[PDB]
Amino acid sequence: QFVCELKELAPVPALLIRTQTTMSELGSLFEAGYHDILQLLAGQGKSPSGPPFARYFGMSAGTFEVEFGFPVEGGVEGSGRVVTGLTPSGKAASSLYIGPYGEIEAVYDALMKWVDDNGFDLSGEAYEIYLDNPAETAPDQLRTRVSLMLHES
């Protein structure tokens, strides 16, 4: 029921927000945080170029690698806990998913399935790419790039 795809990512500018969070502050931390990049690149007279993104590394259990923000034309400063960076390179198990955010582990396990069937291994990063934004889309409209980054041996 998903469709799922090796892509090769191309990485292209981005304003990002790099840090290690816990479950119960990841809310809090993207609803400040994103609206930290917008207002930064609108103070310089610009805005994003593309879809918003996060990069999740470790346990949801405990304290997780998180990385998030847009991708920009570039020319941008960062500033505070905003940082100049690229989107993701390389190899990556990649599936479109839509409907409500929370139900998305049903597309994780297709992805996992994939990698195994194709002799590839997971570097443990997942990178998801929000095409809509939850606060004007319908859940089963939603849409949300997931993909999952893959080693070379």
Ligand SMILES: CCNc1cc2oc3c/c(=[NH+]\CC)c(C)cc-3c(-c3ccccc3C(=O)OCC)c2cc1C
Given for the second form:
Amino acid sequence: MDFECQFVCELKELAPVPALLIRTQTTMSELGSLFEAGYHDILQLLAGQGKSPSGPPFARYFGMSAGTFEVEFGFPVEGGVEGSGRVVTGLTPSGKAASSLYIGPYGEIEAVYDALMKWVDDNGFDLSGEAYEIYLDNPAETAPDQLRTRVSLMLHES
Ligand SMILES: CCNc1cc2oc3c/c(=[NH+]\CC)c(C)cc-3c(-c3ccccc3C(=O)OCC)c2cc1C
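Could the form solved in complex with the named molecule be given as well, to go with the form solved without the named molecule?
Let us now look at the entire complex, which starts with that chain.
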């Protein structure tokens, strides 16, 4: 039951758009707490300016899974939005990525990374080491067998 990139994996060119982000670090064990806290505080901050997110939330990773690791997470937003405290104005990812949609629990998401790494290797692409996840559904409110995540591995320079 290994994911297959045969038909669904693709290379995307990502258009960078504005976002509000929390740029910090965490451990596997604190990641859920962190996201629930941060994602809520951002929404709160958006509402503070009578603004709404313009897209589902996302996270960026690098050197993940090992001890304490880097994470950037947030929401894409309309222009004119401003951050406050640790919530900052930045951008969504730009450039090329090897990308696939995944449906299922986040726990079994490793398989999609496996398949994406096989597919990158086969097609002779090179990775930056960065991963990009878009959480299309709120996991709290969404059945696991219906939970949509887009998984992207960022590609390296020319
Ligand atoms: C259009 C999609 N919109 C959303 C997508 C979301 O994705 C989430 C992914 C997560 N993990 C990804 C690895 C975690 C941990 C929390 C998430 C929350 C979240 C935010 C605040 C409070 C609780 C949760 C929440 O879902 O509780 C977590 C059990 C969330 C919320 C919304 C609105």
